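All protein chains but one are shown in place.
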Amino acid sequence: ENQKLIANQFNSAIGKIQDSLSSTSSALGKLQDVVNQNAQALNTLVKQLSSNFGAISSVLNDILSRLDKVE
Amino acid sequence: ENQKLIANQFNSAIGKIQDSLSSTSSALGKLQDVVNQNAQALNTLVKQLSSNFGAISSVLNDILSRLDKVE
Amino acid sequence: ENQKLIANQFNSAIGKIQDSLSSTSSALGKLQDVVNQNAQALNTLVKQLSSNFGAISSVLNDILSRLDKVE
Amino acid sequence: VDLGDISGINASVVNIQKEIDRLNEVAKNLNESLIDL
Amino acid sequence: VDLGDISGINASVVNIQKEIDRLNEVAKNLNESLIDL
Partner (left out) sequence: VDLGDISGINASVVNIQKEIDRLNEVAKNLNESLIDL
């Protein structure tokens, strides 16, 4: 009787720990997906910002150049 | 006697696994809070950068326009 | 015999839960490292962007100033 | 001058609140699996 | 004018797929530790 109680409680605990492990795996997978998406987003932003400040630098250089030509 | 040993060891293990599950829940909550804050931060930065490069584009357009008026 | 079965199954389950806890600790450590690196990256980007738009504001101000001097 | 458009750059959010709630629920329910001989 | 260079700013990626796979593997293998008297 006590053995059946120990076995039932252990099976219940193993079921609950399986649920907890599945929940932890799902949470870690979602966090991985989101962190990787934000990493790709920051990298894309950094790249396109590099390009955009490059364009701004070029146009400001042309402005300053003809500018200088003016006076 | 062996049943009491099994029961005590199982209760100790369940207590330690409860501590581990609480620690995992706290860690996942903190990671969620921080990842969401950084997501909102990147989104705010992207929005205000869009506005700021819009302003820069407008002022460079006005500069190039009057510029062109000069010569 | 049933006690030895309960003990063996419990030892196996505790070993597997130890493996799962080590995996969760490793995953949380890696996620912490990556989230902190991306936080430092976003902060560095925000700082250097502040400096860069400061420079752009200064040069556009000088342009508009001499510009105004022109006409 | 037409600067590059960055308005599409977006960062997702994570919603693992269900899983954190399940973890705390299991950490609370494991007291119903303790052995009382 | 020489604007600041930001090309070095990079964001790492995380690869915890091994650990998620191990967690699911253990959640599946724990059925081999159930007690059948």
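For clarity, chains are labelled A, B, C, D and E in written order, and residue numbers in each chain start from 1.
To be clear about the criterion, a residue touches a chain if its C-beta (ideal position, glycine included) is under 8 Å from a C-beta of that chain, and two chains touch if they have at least 3 such contacts.
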item: For chain B, residues in touch with the removed chain; value: 2, 5-6, 9-10, 12-13, 16-17, 19-20, 23-24, 26-27, 30-31, 33-34, 37-38, 41-42, 44-45, 48-49, 51-52, 55-56, 59
item: Residues of chain C (touch criterion as defined above) contacting the omitted chain; value: 3-4, 6-7, 10-11, 14, 17-18, 21-22, 24-25, 28-29, 32, 35-36, 38-40, 42-43, 46-47, 49-50, 53, 56-57, 60-61, 64
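Keep this in mind: only the chains that are shown with their structure count from here on.
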item: Pair from C-E, A-E or A-D with over half of its contact pairs in common with B-D; value: A-E
item: Distance between the centres, which are taken as Cα means, of chain C and chain B, whole angstrom; value: 8
item: Between chain D and chain E, centroid-to-centroid distance (C-alpha), Å; value: 15
item: Numbers and ranges of chain B residues touching at least 2 other chains; value: 3, 6-7, 10, 14, 17, 21, 24, 28, 31-32, 35, 38-39, 42, 45-46, 49, 53, 56, 60, 63-64, 67, 70
item: Residues of chain E engaged with two or more neighbouring chains; value: 1, 3-4, 6, 9-16, 19-20, 23, 26-27, 30, 33-35, 37
